[PDB]
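Apart from one protein chain that is not included, each protein chain of the complex appears where it belongs.
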Amino acid sequence: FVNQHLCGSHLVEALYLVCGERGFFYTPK
Amino acid sequence: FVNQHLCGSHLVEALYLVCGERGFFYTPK
Amino acid sequence: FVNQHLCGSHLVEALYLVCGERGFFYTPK
Amino acid sequence: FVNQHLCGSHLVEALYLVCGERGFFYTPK
Amino acid sequence: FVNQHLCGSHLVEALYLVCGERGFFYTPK
Amino acid sequence: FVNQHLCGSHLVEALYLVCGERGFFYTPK
Amino acid sequence: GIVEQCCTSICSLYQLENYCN
Amino acid sequence: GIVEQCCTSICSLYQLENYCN
Amino acid sequence: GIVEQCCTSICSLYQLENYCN
Amino acid sequence: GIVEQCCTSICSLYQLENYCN
Amino acid sequence: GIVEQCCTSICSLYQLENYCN
Partner (left out) sequence: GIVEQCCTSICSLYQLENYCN
């Protein structure tokens, strides 16, 4: 799904700004 | 230090494209 | 000065996520 | 609406590049 | 089409990261 | 050199908005 | 607002100028 | 995961905190 | 073009290489 | 201004919230 | 090149339009 890929692209940058020093994990599957 | 914050903002997007369905763990310095 | 232009480009996106429905007024230097 | 949020994310960066020194205002509601 | 414009926005940055020194060409029409 | 890579990443997005349907040829240094 | 205008339809750069300060 | 949660519906920043390390 | 190819379906990085200079 | 303060020092969420409406 | 000119000096809309097709 292309639109799912687009939202995940915005999810990653949102997580990076929110978490910061702690870091984050992204796992679609 | 802001320029590292900007560089990390581009790194996570690059990791998102490279990894895809695998996912990643972002751990900054 | 370009690096400020890049920093401002990241600032507006950060403001967009933080403010949400409130909105914001971006006034550069 | 998530897709509305995505377009607003691209609206902010488009406004920043177009306006420049004048600045801009974003107000969804 | 707005959603077509959004995908092209992500296509350009994906091409830039993939191609690198060679460069790339984007042509919707 | 990373800061040029970041600047080029913003340049292609700026070119994408400016050109629109015309398209562009990105040839880095 | 801009959401009902420039997201349902693609806005030109001139139409984007209406939302500068 | 986060894709089924924060993409079908808009997540608050507090909900985004659930995916930090 | 790339819009009809890599936007209707997700393209691999190898398929993205077809549009480099 | 936001540029003078946040492009020299990393602004957190609570600092950036000062500039919202 | 666009990099030598626009990554050292801020290019406006009309400068960036030079590199379109």
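Going by the order they are written in, the chains are A, B, C, D, E, F, G, H, I, J and K; count residues from 1 in each one.
Just so it is clear, a contact is a pair of C-beta atoms (placed from the backbone, for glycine too) under 8 Å apart; a residue touches a chain by one contact, two chains touch by 3 or more.
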Identify the residues of chain B touching the omitted chain, counting contacts across the whole complex.
4, 7-8, 11, 14-15, 18-19, 22-29
Which residue numbers on chain F touch the omitted chain?
1-2, 5
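Please note the rule applied: only the chains that are shown with their structure count from here on.
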Can you spot which of D-H, E-I or A-I is a repeat of the F-K interface, where more than half the contact pairs line up?
E-I
With chain centres defined as mean CA positions, report which chain is farthest from chain C.
I
State the pair with the higher C-beta contact count; candidates are F-K and A-D.
F-K
Express in whole angstrom the distance between the two chain centres, defined as the mean CA positions of chain A and chain H.
9
Dist(centroid_CA(chain B), centroid_CA(chain D)) in Å evaluates to 24
Please output the residue numbers of chain F that touch at least 2 other chains, ranges allowed.
3, 6-9, 13-15, 17-19, 23-28
Which chain I residues reach two or more other chains?
7, 13, 21
